[PDB]
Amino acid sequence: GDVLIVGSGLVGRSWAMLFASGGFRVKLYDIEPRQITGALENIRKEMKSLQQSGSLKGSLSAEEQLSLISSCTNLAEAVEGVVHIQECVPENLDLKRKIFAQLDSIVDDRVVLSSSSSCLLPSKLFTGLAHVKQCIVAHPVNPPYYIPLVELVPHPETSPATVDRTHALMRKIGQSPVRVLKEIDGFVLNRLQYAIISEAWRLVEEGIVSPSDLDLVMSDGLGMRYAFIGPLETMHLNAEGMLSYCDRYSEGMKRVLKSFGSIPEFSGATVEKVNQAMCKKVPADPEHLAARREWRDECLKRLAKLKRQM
């Protein structure tokens, strides 16, 4: 009934805090001990920060949650009595395959072997493993403590039970899992994100709007509805139902989409134009980027709270 996190980087530390908030004993493993020590320190500091701002998840005190998180340096002993293993190493296929092969030789048939991968496909990650039926990608969105989405992507041989158990586990810790029925490049979130970026890029390239104003169209406009309702339900409510929306605007949608240009090269003059505008707002140095990310994360923290209330 315990949880094992392989890799004590940012993504791993975030998972540790999420599972502990759900009352699960968490084992934090990493090949570098110096990194596990740092992880426990970081986790303690963040837990304290959340406590002081009344932003802790669940009903357990910060102290109790912290006591549930421990370090282990022995993988064989790390998988003992564990029901879910979340792999959190770099986005390097060779490395992930090595770790899953190592886990494959020591785990039982119950435990779920889950990867945090944001891009690697299950077929490339798990094919050939004896425990492939227990394998799955459970991709979180940074920052996971505030953004609940978890994309569950299965391998063609992943069992329904593996998906169901993981969906239930993610819901149990307060996250919002979704079932990506078939693996696909970019899963779902990045495909939608890239669709937006592609058109945004061309609008800037064509001189329709400045990069800064384009972003405002989203942050002070379309994006506000999307923080609460998806694109389909949005259509449903902006007319007398989905059928009504398609009846009223399908002609216009097809007309506009037909006018879309080609796939961007994401370079040259336009990248320089977009970059210059982005840097004017946020200098591209470690300090300014970190400060802006801090602001962004605070907004998300407050939004998550508001979402839960509504």
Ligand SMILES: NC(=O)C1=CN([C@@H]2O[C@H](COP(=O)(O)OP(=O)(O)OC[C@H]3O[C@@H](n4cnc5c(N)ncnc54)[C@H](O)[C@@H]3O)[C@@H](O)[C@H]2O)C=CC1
Given for the second form:
Protein chains: 2
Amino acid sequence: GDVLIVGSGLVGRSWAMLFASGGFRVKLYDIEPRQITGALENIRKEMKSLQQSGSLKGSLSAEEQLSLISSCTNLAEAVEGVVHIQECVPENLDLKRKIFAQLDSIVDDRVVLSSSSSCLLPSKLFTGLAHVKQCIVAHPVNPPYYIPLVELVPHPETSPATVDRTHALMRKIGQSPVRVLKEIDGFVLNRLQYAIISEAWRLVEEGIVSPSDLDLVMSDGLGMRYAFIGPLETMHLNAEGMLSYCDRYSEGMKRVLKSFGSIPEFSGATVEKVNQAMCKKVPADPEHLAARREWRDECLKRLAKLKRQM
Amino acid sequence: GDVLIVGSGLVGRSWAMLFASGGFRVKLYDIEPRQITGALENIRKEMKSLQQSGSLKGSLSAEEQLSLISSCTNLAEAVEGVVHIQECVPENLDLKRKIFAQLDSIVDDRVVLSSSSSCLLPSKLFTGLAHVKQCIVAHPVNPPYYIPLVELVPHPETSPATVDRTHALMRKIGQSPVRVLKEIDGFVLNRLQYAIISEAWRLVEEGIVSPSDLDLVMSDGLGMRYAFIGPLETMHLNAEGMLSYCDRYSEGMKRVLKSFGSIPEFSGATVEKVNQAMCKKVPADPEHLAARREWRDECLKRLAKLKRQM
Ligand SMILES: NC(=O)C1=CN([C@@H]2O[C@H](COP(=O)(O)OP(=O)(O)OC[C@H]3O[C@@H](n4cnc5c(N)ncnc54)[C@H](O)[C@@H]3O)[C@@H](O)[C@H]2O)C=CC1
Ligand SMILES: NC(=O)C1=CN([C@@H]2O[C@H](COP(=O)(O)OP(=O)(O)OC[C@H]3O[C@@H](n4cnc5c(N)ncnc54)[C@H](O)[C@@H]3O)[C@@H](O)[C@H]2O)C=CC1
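Form deposited without the named molecule done, so how does the form solved in complex with the named molecule look?
Up next: the whole complex, starting with the chain shown before.
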């Protein structure tokens, strides 16, 4: 019933706090001692901050949650009595493959071997492993403590049990898992994100709207609805049901989509134009970027609270 | 300094409440007496509801705001002393053209003639009008009282003054206007929306994810960020600035985008599959659709409050 975090970096620390809120004993393992010390320190500080703002997940006190998080130096011992291992090392294929191969030689047939990978495919990560049926990608969204989505991406040989157990576990710790039925480049979130970016880029390039105004169309417009309801249910409600929406607007959708330009090169004049507008709003230096991210995260924290209430 | 609403229907009522919150005297005009009576009644009720939940815009009491809203039977008299006329009749080109032609013969050179049209282009709406320099499309987003975005779409002959004045007026009543520099099919919001829908549709069709799970990827994931920050600034912050983001992810974006399938037909098997999933979540009947929209709107109302606070 214990959980093991391999790599106590940024995402590993978030996972640690999520699992602890669910009452799970969490073990932290890292190749760098300073990352473990830093993780325990930051987790304690973040936990207290959340407590003070009444933003802690679950019903366990910050104190009890912190007591559930410890570190292990020996991997072989670290996997003892663990039912879920969440890998959180850098986004590097060679490295992740090595990690899973090392785990593959010491785990039993019960434990789920889960990767936090942002884009690497399960087929490239787990093929050839003895315990491949227990492998899966459980991709969170930064910042995981505020954004609940977790993309569960299976390997073609991943067992239904592994997917079901992980879906249930993610739900248990307060996250919102989704079943990506078949692996695909960019999974689901990034494919949707890139779809938006592609059209937005061309709109700016063609002089339809300034970069700043395009962002407003989303943040003070379309994005507000998307924080509560997806694009499909949105159609469903903006007419008398999905059938009605297609009957009324499918012609227009096809017409607009047919007018879409080519795939952007993401460089040259347009990157300069977009970057200039972005830097005007938020200077591209460590201080201003961090400050804006902090604001963004606070917004997400409050939105998370609002969503739970609704 | 007065405002005239032509067509006191759903959007006309929203506009009336927006302008009144800004302290503007609002005149309602409609070809159907029952729509005026219904508008005054619903506005009064909505105003009181907002007041009770502490959701009224501006610093004027619900009582004072309501006193600023009245009706006129004669259009010629209705345009007297008005600086902005917001047309809110049905989305029908022949009809809107007739409305603007009727206004064109009685207004001065100061008043702005603004259409709420959801998709009709300024070139089709205002060409040939004597007062074309004063024409513009000011497209709000339902529900306008909670979603601030207003797309300002000009006619090629629309004067800068007309655009500037309307931008300032929209900002004065608490809305978030954007300057769509050149008219285009679907303006900006719908082009972005359709971009998302197109990819989402193919993902469901190809069995990558269920309709319900796809919606969750947005509502409990990507959509949360988009409620505060647009797609471009999002890139800017998810790396060390826009340049950094493109350097790190442009290759992947192009690769994913290149894999995108063709434009959907929005019918057949997939429409049946999507509709079935949507109806399972929200039955396609008047009662359940209205209930879900009510929930959605309440979420947006609270999000609007949250955004203003942040
Ligand atoms: N930062 C976030 O919020 C998110 C991260 N991701 C993914 O999660 C993974 C980790 O990301 P981050 O935390 O941002 O990076 P990071 O660099 O902060 O953390 C990686 C951790 O891995 C440790 N590590 C390196 N080699 C190791 C080894 N052989 N054995 C054990 N530990 C080792 C490092 O010491 C470090 O603490 C990546 O694949 C990333 O794409 C997914 C979603 C969001
Ligand atoms: N409902 C909303 O929230 C939004 C509406 N839109 C656009 O706003 C426009 C109006 O939409 P709705 O309020 O939903 O429809 P609606 O049908 O409720 O309102 C139209 C009003 O026009 C009046 N009308 C019809 N012919 C007239 C004439 N010759 N002179 C004066 N009044 C006349 C009708 O009596 C009715 O009260 C459309 O072009 C729509 O696409 C834009 C954004 C959102």
